[PDB]
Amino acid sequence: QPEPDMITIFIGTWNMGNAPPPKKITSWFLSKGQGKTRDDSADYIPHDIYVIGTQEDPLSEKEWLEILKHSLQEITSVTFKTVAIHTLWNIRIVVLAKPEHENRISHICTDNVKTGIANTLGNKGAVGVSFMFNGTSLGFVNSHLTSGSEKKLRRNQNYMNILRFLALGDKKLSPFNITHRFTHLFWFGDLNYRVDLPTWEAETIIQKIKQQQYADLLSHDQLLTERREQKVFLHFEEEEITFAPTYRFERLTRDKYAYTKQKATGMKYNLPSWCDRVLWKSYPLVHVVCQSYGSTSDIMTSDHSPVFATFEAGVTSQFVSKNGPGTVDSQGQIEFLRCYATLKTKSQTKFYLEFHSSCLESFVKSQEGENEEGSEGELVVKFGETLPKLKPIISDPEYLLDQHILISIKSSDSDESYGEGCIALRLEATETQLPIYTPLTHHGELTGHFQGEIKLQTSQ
C-alpha cells in the first residue's frame, strides 16, 4: 500500500455563540453553502484530516467529539480516529484522521496562549495542534481574537502574542516561531476583524449583501487592509472571499443581520463582518491548493455561520537509505556562495547564521559575517564564500530536492535571533550556482532579507 504524496485537509471554524449545535451539521464538513463550494460528486470521499476550531463552545469535549465523529461517519461511512483535542476556556481544536493514517501520524503536540492582561485576560487566546504526517510537519492554530470594530490594533497584538508564545512543533528549532516550524501551517478562528464603514451605512451594507455585491465591503475589511499594510499575518495566504459576512446574524434564521447596539453588546454596533477566517502559510514551492472556502447556510443556532476551507497539501515519505538516518551520505552537499543578510537593525554586534533542517543530523553554526554600511542606512552582513558546507543525511535527489533549510541570523553578543527565514531545495538544477532568497522576520514582523546563491549536489 503506497505512501501518499498528497492529502486533503478540512479546516472548520465556528463561533457557536454558547448554544448547542443543531441535530445536523453535515453541510459544514461537505463544504456546502455560499462561496467556493465542493462538488457534489466528492461528497462520499473522506478528507484525510479534519481540523475543527470552535469558539464560544458550550459543549464538553466528549459531547462535541461524539457529534463530530457521528457526522463524519454519516457522510463517509468511516469511523475517524481522534488525533488531538485541546480546549482553553471555550476555544477548542479537534483533529480527526482516517484510521489508515494512525501509524503515519506522530509527535503530536498541543498548546494554548491566553492573550491580554488583567481586564482583557480570561476569555480570548488560541489553541493549537501540531504533528508529523510521514515526513511532513503540520501545524494548526484556532484563535479567538479581541472583539469590537475599534480594536484592530489589539487583534494585531493578539496575533503577535500567539505566534510568539504558542509552543508547537520541534523544540530543537529554538530560534523559530510557529510561522517557520511547519511545512504547512493553518491559522483560523474568530479573528474578529470587521468591515470598517460608518454605522449610518448599516442598511446600505445589508442591501449590498442581498445583491451578493461584496467588493465595496471587502475593500474595507480590516484583515485584508491590515495584511496589505503588513501589520498582521505577514507571509500568509487567504483564498478570495465569495460568501456573505458570517456575523452577526439573528439566531434560528439567516435572513437577518443583527447589527444595532444593545445592552447585550455593550452598546456596540456589529456591522456585518467576515469575523471567521482561514489562512495558511506553507514552505516555499510545496504544493498547497485551496479547493473550497465558504460558509454554511443551514446551521443557524449561533450568531455566526460556520466557515469551511479545504486544501490539497503535498506530503513526503519517511525516507530510509543504506546511509541516513544515523549517518551522512557523503554523495550529498549544500553550498552557499556570495550570501548576505540585509537587516533593519540599528545594532552593530557581529552576527552569525544557524542552518536548521531535518535533512541535517543537527543544526549548523556559521562563522561571524562582515558588517558593511548599506547606501540607504541599513546593515549588510556579508558571508561571502565563508559559509559551512552542509552535509545532508540522505543524498537521493527524490528526498533532498523536497527539503528546506531554515536560517536564523543571531547576534554574537546576545545569541538572540534578529531574523528567520526559509530556503527551498526544490532547485531548477543541481551542481549549478542558483539564486536563493528569503525575507527575514522576527516575532513575525519583517526585519530584513537573506540572498545569495546555492549549489546542491545529490547522488544523481
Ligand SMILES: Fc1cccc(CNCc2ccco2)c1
Contents of the next structure:
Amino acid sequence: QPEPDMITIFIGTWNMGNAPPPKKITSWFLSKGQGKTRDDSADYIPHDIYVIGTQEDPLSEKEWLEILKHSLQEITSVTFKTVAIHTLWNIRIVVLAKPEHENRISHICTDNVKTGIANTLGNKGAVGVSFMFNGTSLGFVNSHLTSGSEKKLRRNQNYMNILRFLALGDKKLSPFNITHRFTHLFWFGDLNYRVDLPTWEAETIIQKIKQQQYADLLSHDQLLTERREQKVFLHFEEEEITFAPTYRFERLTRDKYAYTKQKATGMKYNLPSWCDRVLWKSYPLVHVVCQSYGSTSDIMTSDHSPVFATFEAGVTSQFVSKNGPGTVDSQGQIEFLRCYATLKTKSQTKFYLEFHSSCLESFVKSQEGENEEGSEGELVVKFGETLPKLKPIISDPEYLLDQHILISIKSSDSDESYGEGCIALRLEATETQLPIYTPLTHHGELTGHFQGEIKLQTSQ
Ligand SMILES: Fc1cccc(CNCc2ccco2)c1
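With the form deposited without the named molecule already on screen, would you show the form solved in complex with the named molecule?
Complete assembly follows, chain above in first position.
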C-alpha cells in the first residue's frame, strides 16, 4: 500500500459561548454553509486529519471527543483515532486521524501558553499540537486572543507571546520558534480582531451583511490591516473571506447580530466581526492549497458561528537508503556561496550561522562572517565562499529536492539568534549556482534578509 504524497486536513474553530452544542454539527465537518464551501460529491470522503479548536468550551474532554467521533463516524462510516487533545481553561484542541494513519504519525507534542499579566492572566492564550506525518512535520495552534475592538495591539502582543513560548516540534531546533519548526503550520482560533468602523454605523454594517456586500467591511478588518502593515502574522496566509461575520449573533437564530452594549459585555459594543479565523504558513515550495474556508449557518447555540477550512497539503515518505539514515551519502552536498545577511540591528558583534535540517545528521555552525556597513545604514554580514559544505544523509534527488535548510544568524558575543529563515532545496537545477533568498525574523518580526547562491549535488 503506497505512502501518500498528499493529504487533506480539516481545521475547525468554534467559540462555543460556554453552551453545549446542538445534537447535529455535521455541517461543520462537511464545510457547508457560507463562503468557500465543499462540493456535495465529496461528503463521504474523509479528510486524513481533523483538527478542532474550541474556545469557551463548556464540555469535558470526554464529552467533546464522543460528540466529535460520533459526528465523523456518521459522515464517513470511519472510526477516527485520537492523536491528541489538550485543554487550557476553556480553550481546547483535538486532533483526529484516519486509522490507516496511526502508524504514520509519531513525535506527538502538546503545549499551551497563558497570555497577559495579573488582571489579564486567567482565560486567554493558546493550545497547540505537533506531530510527524511520515517525513512531514505538522503544527497546529488554537488561540483565544484578547477581546474588545480597542485592543488590537494587545492581540498582536498575545500573538508574539504565543509564538515565542509555545514549545512544539523538535527541541533540537533551538534557535527556531514555531513559525519555522513545521513543514505546515496552521494557526486558528477566536483571534478576536474586529471590523473597525464607528459604533454609529452598526445598522449600516448589518444592511451590508444582508446584501452579502463584505468589501467595505473587510477593508476595515483589523487582522487584514494589521497584517498588511506587518504588525502581526508576518509570512502567514489566509484564504479570501466570502462568508458573513461570525460574531456576535443572538443565540438560537442567525437572523440577528447582537452588537449593542450591555452589562454582560462590560458596556462594550460588539459590531459584527470576523473574530474566528484560520491562517497557515508552509515552508517554501511545498504544496498547500485551501479547498474551503467558510462558516456554518445551522449551528446556533453560540454567539459565534463555527468556521471551517480545508487544505491539500504535500507530505513526504520516511526515506531509507543503503547509506543514511545512520551515515552520510557522499554523492550529496549542499554549498552556500557568496552569501550575505542584511540585518536591521545596530549591535556590532561578529555573527555566525547555524544550518539546521533533518537532511543533516546534526546542525552545522559556520565561521564568523565579515561585517560591512550598508549604504542606507544597515549591517551586511558577508560569508564569501567560507561556508561549510553540508553533507546530507541521503543523496537521492527524490529525497533531497524535497528538503529545507533552516538558517539562524547568531551573535558570537551572546549566542542569541538575531534572525531565522528557511531555504527550499526544490531547485530548478542541480550542480548549478542558483540564487537563494529568505527573509529573517526573530520573535516573528522582520530583522533582516539572507541571500546568495546555492549549489546542490544529488546522486543524479
Ligand atoms: F494517529 C495516531 C493516533 C494515536 C497514536 C498515534 C501514535 N502512533 C505511533 C506509532 C506506532 C507505530 C508507528 O507509529 C497515532
